[PDB]
Amino acid sequence: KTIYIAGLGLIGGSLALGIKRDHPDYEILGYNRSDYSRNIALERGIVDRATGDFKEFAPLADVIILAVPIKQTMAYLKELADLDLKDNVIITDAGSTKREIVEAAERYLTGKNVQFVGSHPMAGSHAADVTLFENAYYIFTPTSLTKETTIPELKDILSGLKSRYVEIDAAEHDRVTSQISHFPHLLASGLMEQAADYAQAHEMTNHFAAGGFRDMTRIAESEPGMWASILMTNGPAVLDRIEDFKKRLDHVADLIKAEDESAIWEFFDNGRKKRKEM
Amino acid sequence: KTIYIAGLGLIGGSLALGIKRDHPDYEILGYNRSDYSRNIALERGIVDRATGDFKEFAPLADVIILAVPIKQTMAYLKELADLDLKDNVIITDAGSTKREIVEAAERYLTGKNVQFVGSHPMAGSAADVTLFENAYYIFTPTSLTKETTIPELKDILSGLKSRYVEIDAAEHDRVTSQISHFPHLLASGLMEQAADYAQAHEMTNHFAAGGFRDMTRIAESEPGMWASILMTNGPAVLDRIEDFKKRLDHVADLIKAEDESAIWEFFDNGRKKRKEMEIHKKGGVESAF
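These protein sequence lines are chains B and A, in that order.
All letters in the first sequence, in the order written, are residues 4 to 129, 135 to 286 by the entry's author numbering.
All letters in the second sequence, in the order written, are residues 4 to 128, 135 to 298 by the entry's author numbering.
Simulated from the structure, these hints should not be mistaken for lab results.
Possibly wrong hints are sitting among the right ones.
Claimed, not checked - To give an idea of the chain A side of the interface with chain B (calculated C-beta under 7 Å), a few residues: (1) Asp87; (2) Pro232; (3) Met240; (4) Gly292.
Ideal Cβ positions, reconstructed from N, Cα and C, are used throughout, including at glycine.
Generate coordinates for the entire structure from the input sequences, incorporating the hints supplied.
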């Protein structure tokens, strides 16, 4: 079997190793525009054959995994629709958002005898390391282009990831990830943005900050590009969390203005319980 | 010296040990309205003589440290105004908010003959002489703060191994609100939001990962303390709320505008700042729970 992985970055590289783990007879083809990193993946043998010309290996792959930024993923989906691929080949994504990518794939590959399903492999705590996806969720999002045999096949191909499979509607995935990941990042960056500006007029901001602030802002220190692209392709859900969050803030603001201490007390107590309720 | 600590909690307890640490000759008098913990403070050696009546040991103290809740702290400042205290006695608290406590102290104790200064000892890293190590012990000078007040305390509290710093009570609240009080409100608000959201989206609890947990951990702290903190630091927290709301609206504008580059800027600014302010090597606790 031949697998074409477009990406070879952190995600694409780890997916590569993870697949070889218990499938050392598969031919792994990779694509990467940067020469430098493409050659590294060739020494370390992350992939067998590589190219800087996406369409070069597309036609000879039984399964295609797009592991590049969301924007590039949809571009390649459309671009894949015009090449002559293998009959009924399996193609997947790797994006943090699902909805839009799935629509793009249905719009361009519908009518072309291909197999497609959405994919979101949630990484770990973090150069590929086959360990990256262990015990984390590998999420499948069914698409009109998903054939009843598509997912079972990938589950076998990806067994080396030691990941935990789950399937969910694309739209729901976006709503859920918005609530516990995308909106959270937005708040982190926002808090930091806030505290830094404030440090300018209140210089001790830089000195009194402690563990709470540190934990409230770490994810703010993460690759910008990817998070900008995520907010772009999941704006509706994130906008709804923003509007909902503002109301919650006004509610607490009201309570303070109303000097209602028992209410604020209940406010935090409910937070502590729910935090433990898991 | 006769040192009197009103609370026997984590803070009052640890303040007891840390003080005795470099002053084994000091007499530590304690108060706590709970017969039980008081007796754990004795067998354990923490203090040397305890009581359940605040007004008992007050008169024979050379320094009074109030380690009870914020409102309870102001009630005592008022009660101490009528007690007969050792002439020139030194009094402080340990509240996480400072402005109102100071106005309380000045309102009641002015004219009397005592020295008062605000205190806010932050935690580091039951009763731990280790709590405040290399953590900021904040002093907020008051009109009743005598030129000898802070130095005397600096010496007495030498055993805490803290980092003394002085600041206006109002600046303290503004700053603690920005790096703790509001951040705590955000963590509780987010937990609440996601919790209500899980009701209609079951995967919410499962997909939640490290990021979310770091963001909502502190929402697990003592409600009473935080309800009271927000109550005595309302002006600062409200302003953060208003400022934050505008920031959220901006980003929401950028999203509606499909301005991916401006959004890149937002997230890049955020990373850049946490990096430059070296927040990663920060640590400890602004409010010893």
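message: For the restraint on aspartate 87 (chain A), tell me whether the closest CB of chain B is nearer than 7 Å.
response: violated, 33 Å
- prompt: Given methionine 240 (chain A) as an interface hint, is the shortest Cβ-Cβ distance to chain B below 7 Å?
  reply: Result: holds, 5 Å to nearest chain B Cβ.
Per-residue hint verdict: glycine 292 (chain A), partner chain B, C-beta under 7 Å: Holds: closest Cβ of chain B sits about 5 Å from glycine 292 (chain A), inside 7 Å.
Chain B contact restraint for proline 232 (chain A) - C-beta distance below 7 Å: holds, 4 Å
Hint 1 from the list above is the single one not met by this structure.
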